[PDB]
Amino acid sequence: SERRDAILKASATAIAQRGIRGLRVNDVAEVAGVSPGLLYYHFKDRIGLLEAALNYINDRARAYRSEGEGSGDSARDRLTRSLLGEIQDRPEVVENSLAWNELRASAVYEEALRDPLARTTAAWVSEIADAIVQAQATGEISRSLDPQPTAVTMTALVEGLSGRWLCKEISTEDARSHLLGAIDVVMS
Amino acid sequence: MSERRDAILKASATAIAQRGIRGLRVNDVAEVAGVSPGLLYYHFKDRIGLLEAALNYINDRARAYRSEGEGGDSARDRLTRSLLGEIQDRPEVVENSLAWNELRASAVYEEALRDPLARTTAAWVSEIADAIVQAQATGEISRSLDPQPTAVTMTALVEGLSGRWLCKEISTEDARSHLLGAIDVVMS
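Which chain is which? The protein sequence lines are B and A, in order. Positions 2 to 189 (PDB author numbering) are the ones given, in order, by the first sequence. Positions 1 to 71, 73 to 189 (PDB author numbering) are the ones given, in order, by the second sequence.
It is possible that some hints are incorrect.
[Said to hold, decoys possible] DSS-like mimics (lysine-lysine), calculated; alpha carbons at most 30 Å apart, straight line:
#: 1; chain 1: A; residue 1: 169; chain 2: B; residue 2: 169
#: 2; chain 1: A; residue 1: 169; chain 2: B; residue 2: 10
#: 3; chain 1: B; residue 1: 10; chain 2: B; residue 2: 45
#: 4; chain 1: A; residue 1: 169; chain 2: A; residue 2: 10
#: 5; chain 1: A; residue 1: 10; chain 2: A; residue 2: 45
#: 6; chain 1: B; residue 1: 169; chain 2: B; residue 2: 45
#: 7; chain 1: A; residue 1: 45; chain 2: B; residue 2: 45
#: 8; chain 1: A; residue 1: 10; chain 2: B; residue 2: 169
#: 9; chain 1: A; residue 1: 45; chain 2: B; residue 2: 10
[As the list claims (entries may be wrong)] These stretches of chain B come out as covered by chain A in the derived footprint (C-beta under 8 Å, 3 or more residues):
#: 10; segment: 7-20
#: 11; segment: 95-106
#: 12; segment: 116-127
#: 13; segment: 155-162
#: 14; segment: 177-183
[Unchecked claim] Partial list, derived from the structure: chain B residues whose beta carbon lies under 8 Å from chain A:
#: 15; residue: 24
#: 16; residue: 25
#: 17; residue: 39
#: 18; residue: 42
#: 19; residue: 47
#: 20; residue: 109
#: 21; residue: 170
Quick caveat, the hints were computed from the structure, so don't treat them as lab data. All C-beta atoms in this analysis are idealised placements derived from N, C-alpha and C, irrespective of residue type, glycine included.
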């Protein structure tokens with residue numbers, strides 16, 4: 002239902018602005034424009050809600066990273082879309098990445114969020130790792146790179162730079178240029 | 001008073017690591033530290049002064065682990082020790098990492114935290130940049146690397162890996178190995 006989506010979008014804004022710690026269902030209910038009873042009806046409990054919101058935000062992120070996909074795109078093209086996709090000045094990209102940044106931070110103490118975060122992050126890593134393996138078969142990328150470690154490292158860098166970006170500690174342009182520099186290093 | 005400033009900051013680091021910025025209370029910190037709230041305000045003025053000083057305390061503590069064993074002569078030796086020293090199964094390193102993780106996440110939505118965090122992060126970045134510049138003069142590193150962006154990138158990589166490490170999403174030994182491979186790629 003479009004109400005579920007609307008609830009989830011509002012929850013991601015509550016998450017983004019207030020942070021997860023001490024966020025309660027009634028707070029979320031207030032921003033979502035529904036009662037806590039309806040909210041529990043859709044999501045069962047607070048963790049069910051956070052996990053639904055994490056899945057919603059992951060889906061939008063996946064879209065941002067796949068914008069402009071094309072048949073038989075180069076390794077460079079694949080790495081670039083997936084690494085840069087979530088750091089853009091477009092307002093709904095920023096809102097989405099703010100909420101993901103907080104969910105990543107919260108999972109240190111919200112242990113029930115660790116599994117969905119690990120699995121969705123595994124799927125991002127896997128995109129990069131696959132791009133590398135395909136290129137290594139052709140020679141287009143150094144064969145001495147270990148694909149999975151390289152992909153885990155490149156995406157963790159995105160998370161680190163994105164945390165600074167969201168602090169306004171580094172510009173959008175600089176964060177993207179650093180990532181491009183990393184990609185250049187891997188192709189060279 | 002300098003023994004007492006240190007007790008205050010040590011207790012502040014623990015409060016931040018365990019309870020986050022919202023769970024940090026002057027009265028509790030001061031009680032932990034065996035001092036009065038008024039002494040804390042005398043040295044640090046206010047809650048933002050406290051947090052600024054705690055950011056620097058944590059960075060000073062991390063710096064000790066970054067240089068442990070130092071001078073371990075090569076640029077490679079110094080860079081490796083610095084980057085790997087951030088991620089270790091030692092109680093102080095874990096705590097520093099948790100507290101930094103909290104501060105980095107909170108500064109997104111608490112704007113007052115941004116300037117101190119930027120200044121402390123800039124100091125960490127500078128140790129790494131200086132290492133790279135020194136090594137380009139000796140020729141231990143490609144003169145191709147721009148020191149500042151590289152140092153920004155490497156330290157950002159430590160923060161991204163640490164965020165996953167603290168969620169138990171990546172093991173300590175995996176995170177260390179990936180930092181080593183990153184340094185290798187940069188040292189090539």
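Status of each hint after checking the structure:
Taken as a hint, the residue 169 (chain A) and residue 169 (chain B) pair is honoured in the structure, with Cα atoms around 27 Å apart against an allowance of 30 Å. For the suggested pair residue 169 (chain A) and residue 10 (chain B), the alpha carbons sit about 28 Å apart, so the restraint of at most 30 Å is met. Simply put, residue 10 (chain B) and residue 45 (chain B) have alpha-carbon atoms about 18 Å apart, close enough for the 30 Å limit, and the pair holds. Note on residue 169 (chain A) and residue 10 (chain A): the hinted pairing holds, with a Cα-Cα distance of about 25 Å set against a maximum of 30 Å.
Proposed proximity of residue 10 (chain A) and residue 45 (chain A) is supported: the alpha carbons are some 17 Å apart, at most 30 Å. A threshold of 30 Å between alpha carbons decides the hint, and for residue 169 (chain B) with residue 45 (chain B) the separation of about 36 Å lies outside it, so the pair is violated. The straight-line distance between the Cα atoms of residue 45 (chain A) and residue 45 (chain B) is roughly 45 Å, outside the 30 Å bound, and the hint therefore fails. Among the hinted pairs, residue 10 (chain A) with residue 169 (chain B) is consistent with the structure: their alpha-carbon atoms are about 28 Å apart, no more than 30 Å.
For the given pair, residue 45 (chain A) sits about 40 Å from residue 10 (chain B) by alpha-carbon distance, which is inconsistent with the 30 Å threshold. Counting residues of the segment 7-20 of chain B whose CB lies closer than 8 Å to any CB of chain A gives 4, so the stated coverage by that chain holds, three being the minimum. For the segment 95-106 of chain B, the stated coverage by chain A is satisfied: 5 residues place a CB nearer than 8 Å to a CB of that chain, which reaches the threshold of 3. Remark: the segment 116-127 of chain B is confirmed as covered by chain A, as 3 of its residues place a Cβ nearer than 8 Å to a Cβ of that chain, reaching the required three.
Beta-carbon proximity to chain A at under 8 Å applies to 7 residues in the segment 155-162 of chain B; the threshold of 3 is reached and the given coverage holds. Proximity of the segment 177-183 of chain B to chain A, defined as three or more residues with a beta carbon under 8 Å from a beta carbon of that chain, is established by the 4 residues found. Annotation: residue 24 (chain B) was flagged as interfacial toward chain A, and the flag is violated, the nearest CB pair being 11 Å apart, outside 8 Å. Because the closest C-beta pair between residue 25 (chain B) and chain A is about 13 Å apart, greater than 8 Å, the hint is violated.
With a cut of 8 Å, the hint placing residue 39 (chain B) at the interface with chain A is violated, because the nearest CB-to-CB distance is about 27 Å. The interface hint given for residue 42 (chain B) is broken, as the beta carbon of that residue sits about 29 Å from the closest beta carbon of chain A, more than 8 Å. The closest approach between the C-beta of residue 47 (chain B) and any C-beta of chain A is roughly 17 Å, which is over the 8 Å cut-off, so the hint fails. Restraint check, residue 109 (chain B) versus chain A: the minimum CB separation of about 5 Å is within 8 Å; hint holds.
Taking 8 Å as the C-beta contact cut-off toward chain A, the hint placing residue 170 (chain B) at the interface holds, the least distance being around 5 Å.
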